[PDB]
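As structure tokens, one chain now follows by itself in the form deposited in one PDB entry.
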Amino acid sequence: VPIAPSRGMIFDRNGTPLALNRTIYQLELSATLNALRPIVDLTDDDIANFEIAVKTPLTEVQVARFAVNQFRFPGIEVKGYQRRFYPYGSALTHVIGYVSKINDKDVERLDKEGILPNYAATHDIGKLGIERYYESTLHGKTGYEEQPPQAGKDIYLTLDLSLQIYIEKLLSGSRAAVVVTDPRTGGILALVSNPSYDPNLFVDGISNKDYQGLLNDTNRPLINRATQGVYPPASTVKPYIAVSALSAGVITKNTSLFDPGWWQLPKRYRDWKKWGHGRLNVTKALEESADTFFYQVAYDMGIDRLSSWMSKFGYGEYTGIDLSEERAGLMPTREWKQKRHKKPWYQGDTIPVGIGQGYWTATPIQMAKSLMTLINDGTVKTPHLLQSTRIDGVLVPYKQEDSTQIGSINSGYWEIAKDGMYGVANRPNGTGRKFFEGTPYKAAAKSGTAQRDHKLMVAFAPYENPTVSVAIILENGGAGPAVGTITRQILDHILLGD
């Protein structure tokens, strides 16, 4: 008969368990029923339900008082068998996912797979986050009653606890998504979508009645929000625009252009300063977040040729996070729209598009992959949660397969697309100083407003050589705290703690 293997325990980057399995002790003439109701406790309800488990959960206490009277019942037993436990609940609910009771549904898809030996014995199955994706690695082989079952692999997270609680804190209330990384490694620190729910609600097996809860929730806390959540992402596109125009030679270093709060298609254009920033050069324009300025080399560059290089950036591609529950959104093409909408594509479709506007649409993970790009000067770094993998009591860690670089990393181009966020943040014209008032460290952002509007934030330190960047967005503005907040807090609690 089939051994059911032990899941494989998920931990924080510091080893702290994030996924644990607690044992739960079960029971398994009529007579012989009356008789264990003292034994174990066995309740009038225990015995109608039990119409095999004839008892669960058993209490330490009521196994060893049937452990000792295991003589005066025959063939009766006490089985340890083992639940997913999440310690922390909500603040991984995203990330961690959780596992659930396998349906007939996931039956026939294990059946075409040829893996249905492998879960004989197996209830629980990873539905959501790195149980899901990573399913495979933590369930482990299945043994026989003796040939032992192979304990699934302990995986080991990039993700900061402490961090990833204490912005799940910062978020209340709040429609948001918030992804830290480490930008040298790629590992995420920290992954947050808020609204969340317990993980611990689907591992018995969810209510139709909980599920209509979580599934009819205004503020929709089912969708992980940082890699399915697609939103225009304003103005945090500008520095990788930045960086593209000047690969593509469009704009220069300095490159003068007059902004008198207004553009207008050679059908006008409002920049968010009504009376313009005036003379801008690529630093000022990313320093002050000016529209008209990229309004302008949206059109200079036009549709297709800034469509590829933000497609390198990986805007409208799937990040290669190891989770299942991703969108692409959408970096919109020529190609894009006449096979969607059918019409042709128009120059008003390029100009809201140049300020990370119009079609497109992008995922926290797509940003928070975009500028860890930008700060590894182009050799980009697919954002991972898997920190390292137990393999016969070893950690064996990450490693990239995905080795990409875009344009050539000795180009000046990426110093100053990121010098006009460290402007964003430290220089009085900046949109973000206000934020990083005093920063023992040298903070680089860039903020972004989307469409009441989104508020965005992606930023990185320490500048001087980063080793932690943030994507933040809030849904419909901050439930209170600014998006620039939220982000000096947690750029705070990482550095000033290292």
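Think of the rigid core as the biggest set of C-alphas that the two forms share within 1.5 Å after superposition. Positions refer to the first chain, counted from 1. What changes on going to the form deposited in another entry:
- With a cut-off of 2 Å and the rigid core superposed, residue 77 has a Cα displacement that reaches or exceeds the cut-off between these two forms.
- After superposing the rigid core, the Cα of residue 34 is displaced by 2 Å or more between these two forms.
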Given for the second form:
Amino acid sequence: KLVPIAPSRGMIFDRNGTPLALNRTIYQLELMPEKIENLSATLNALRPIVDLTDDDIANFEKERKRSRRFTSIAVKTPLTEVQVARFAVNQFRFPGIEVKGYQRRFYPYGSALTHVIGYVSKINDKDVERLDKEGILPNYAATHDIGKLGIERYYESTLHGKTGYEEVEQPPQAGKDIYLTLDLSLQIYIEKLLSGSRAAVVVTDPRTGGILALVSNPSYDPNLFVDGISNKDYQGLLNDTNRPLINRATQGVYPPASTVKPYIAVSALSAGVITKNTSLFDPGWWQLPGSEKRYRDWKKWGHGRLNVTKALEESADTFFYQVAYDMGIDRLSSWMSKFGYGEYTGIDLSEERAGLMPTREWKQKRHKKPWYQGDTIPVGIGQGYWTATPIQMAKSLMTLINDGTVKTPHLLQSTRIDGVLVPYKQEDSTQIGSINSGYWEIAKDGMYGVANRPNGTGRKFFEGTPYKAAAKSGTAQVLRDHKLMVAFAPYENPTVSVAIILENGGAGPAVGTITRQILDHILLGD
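If the structure you just shared is the form deposited in one PDB entry, then what does the corresponding form deposited in another entry look like?
Next up is only this chain, free of partner chains and other molecules.
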């Protein structure tokens, strides 16, 4: 005959070389109930040999009715080699009962990497038709599991390798091995700090775009989906009010609020709607000209005299209401698109929403209405129809740090192709405005102020800092208000950028506190 050989799945490692997705061999005891008589007696006989439980027989008896009749049914899963050996010596005693060996994926950190690594799951009747259409079902002839989430799904083609055939040999080519940019230790640390909180955190290296940590809380056990997830437990996750199936980092859609002020600053400067010198007096409110409609600042009696730099430090709203009015939605929108708002970040994950960067054209298409001046003003403080993902908020900061030199956030560090490591190569080569505009530095300076200067909104969190951190807080609403912060350190030569958001305030610890702990942990070597 000419039956097929399963190719072993490529491994996934972090920066260090720590295995994150392994191929383990799983043994189980099987039998075709047709070839067995006194089944109940035979099951009783196996109790002492492989430690067969009443739960093992229950799952068996029930799974035999659901399963097509006259077929080998798992008697006990899994078996330890101890239990396998204990049976092997009694093979003679039990004919029509044998030990089958299967290659299964194993995630040895589970909850820690659920959303980033994802999982492989049992190929069901829908997945077989999917693979037929594409015309590579032949290559999955022997493969029981497929990637359905995160890296496992995104990098399936790479991880799967070439199927083998044997006339009874053409050996199979193993899947190529994946080295990620992710730091396993940092990921666990962040998750520790985030315990109790429904939150998202992206840590990136602004020089590469490589993601050092990507955390959505709460998580789930990726293992369940490997062992063909139980419909009962699946609906248990779908009904959890903390929706842990959502990748908040990439699918969490939030008003970016405070955090957009630096990117609007650069945009207003670059359009000449303001300059370093441009000044304005804030009584604590701003009037839409001609109307009586007053938009308030967070400070009731205002920040007084404001330029960009003071307005960033103190997160003044009045300043940016004015900027938004003068810019107008058309080119305020166009500028924020250049920073990636409304757009897919290009991250190597399939689970991603694009949020909304509002537009005239969008409001006519969507709501069949024109754009009112009152719609432009809240966009000024990132609270309009404006929604963004943490990964988008992470990508725009990296673009600011790199002076409009856009870097694609990504988890792939390198692939082992024929024993050699070929590294990730960024396709994107986009440049925003001019590299030496100086406007970038004005914005970054303002963020230096938020952290370090005595009028900064988050000076309290960055006291006693050997390094100089630049940061920018935000507060969004919908139940409580979401708490945002983006930050980057060493200020002189940034080596780490952070995006963090705690849904509805989080679980107590301040986002600024957690950003400090994370920045210390990385730069001080804990």
